[PDB]
Each structure stands twice: as structure tokens, then as C-alpha cells.
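Let's start with one chain on its own, the form solved without the named molecule, as C-alpha cells.
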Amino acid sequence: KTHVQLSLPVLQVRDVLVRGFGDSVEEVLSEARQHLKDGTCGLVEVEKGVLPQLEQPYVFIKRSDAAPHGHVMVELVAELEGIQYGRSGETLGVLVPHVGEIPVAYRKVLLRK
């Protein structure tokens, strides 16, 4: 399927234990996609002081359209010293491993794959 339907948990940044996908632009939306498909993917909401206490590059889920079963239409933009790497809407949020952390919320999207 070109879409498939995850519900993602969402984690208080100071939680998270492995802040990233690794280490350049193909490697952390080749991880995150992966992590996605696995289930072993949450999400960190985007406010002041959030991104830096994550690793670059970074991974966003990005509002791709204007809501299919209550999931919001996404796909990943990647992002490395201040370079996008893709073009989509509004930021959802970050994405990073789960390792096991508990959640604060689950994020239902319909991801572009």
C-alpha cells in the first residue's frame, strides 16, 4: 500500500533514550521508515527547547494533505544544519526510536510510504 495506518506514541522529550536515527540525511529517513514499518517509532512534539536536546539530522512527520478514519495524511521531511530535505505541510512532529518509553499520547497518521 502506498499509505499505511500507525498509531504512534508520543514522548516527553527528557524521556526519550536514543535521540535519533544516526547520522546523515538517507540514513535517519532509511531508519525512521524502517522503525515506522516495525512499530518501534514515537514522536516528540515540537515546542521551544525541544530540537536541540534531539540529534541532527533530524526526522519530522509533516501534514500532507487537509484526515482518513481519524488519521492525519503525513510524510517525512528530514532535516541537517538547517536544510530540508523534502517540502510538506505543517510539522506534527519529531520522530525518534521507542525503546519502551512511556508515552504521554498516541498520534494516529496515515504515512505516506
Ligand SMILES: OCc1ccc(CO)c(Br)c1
Given for the second form:
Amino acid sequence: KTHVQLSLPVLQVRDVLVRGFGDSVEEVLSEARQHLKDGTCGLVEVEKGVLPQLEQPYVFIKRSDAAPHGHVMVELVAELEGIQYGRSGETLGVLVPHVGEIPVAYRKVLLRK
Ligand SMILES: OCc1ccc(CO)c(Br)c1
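Switch from the form solved without the named molecule to the form deposited with the named molecule bound and print that structure.
Zooming out: every chain and molecule, the one shown earlier first.
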């Protein structure tokens, strides 16, 4: 399937234990996709003060369209030193590894595998 329905745990930035997916744009997009497949991916909502508390390169989910079965359609865009790899819509947040942090909410998304 070109798209997969996922329910991502929304984590508070200060709870996150592993604050990024790796060291290159290609590695972070790779690892983010693997963690989304394995159900070990969390989401941090981007507000003032959040990104400096996380590790670059960043992986964003961005809205790819205007929402089947409650699931917003999204795609991945990485960012490193202010350059973005991918072009998409509004940020829904920044992806991080999930290693058992308690969420505050769940965000239903339809991910373009
Ligand atoms: O089942 C969730 C899932 C499965 C495969 C891929 C491949 O990219 C992704 Br992303 C997410």
C-alpha cells in the first residue's frame, strides 16, 4: 500500500529520551520510516523552544493534502542547518524514536510509505 494508517503517540519534548534518528538527512529519513513501520515512532508538536531541545537533522511530518477516516495525509521532510529535503505542507510535528515515554495524545495520520 502507498499509504498506511498510523496512530502516533504525541510526546512532551522534555520526556523524549532519544532526541533524533541519526547523523545525516538520508539516515534520519531511513530510520524515521523504519520506526513508523515498527510502531516505535513518536511525534513532538513544534512550538517556541522545541527544536533547539532536539537533535538535527530533524524529520518532520507535513500535511500532503486536504483527511480519510480521521487520518490526515502526511509525508516526511528532513531539515539540516536550515535546508529542507522534500517539499510539503504545514508541519504536524517532529518525529523521534519512541522508547516507552507516556504520550499526552495520539495523532492519526495516513503516511505516504
Ligand atoms: O506499517 C507502518 C509503515 C510501514 C511501512 C513503511 C515504509 O516506509 C512505513 Br513509513 C510505515
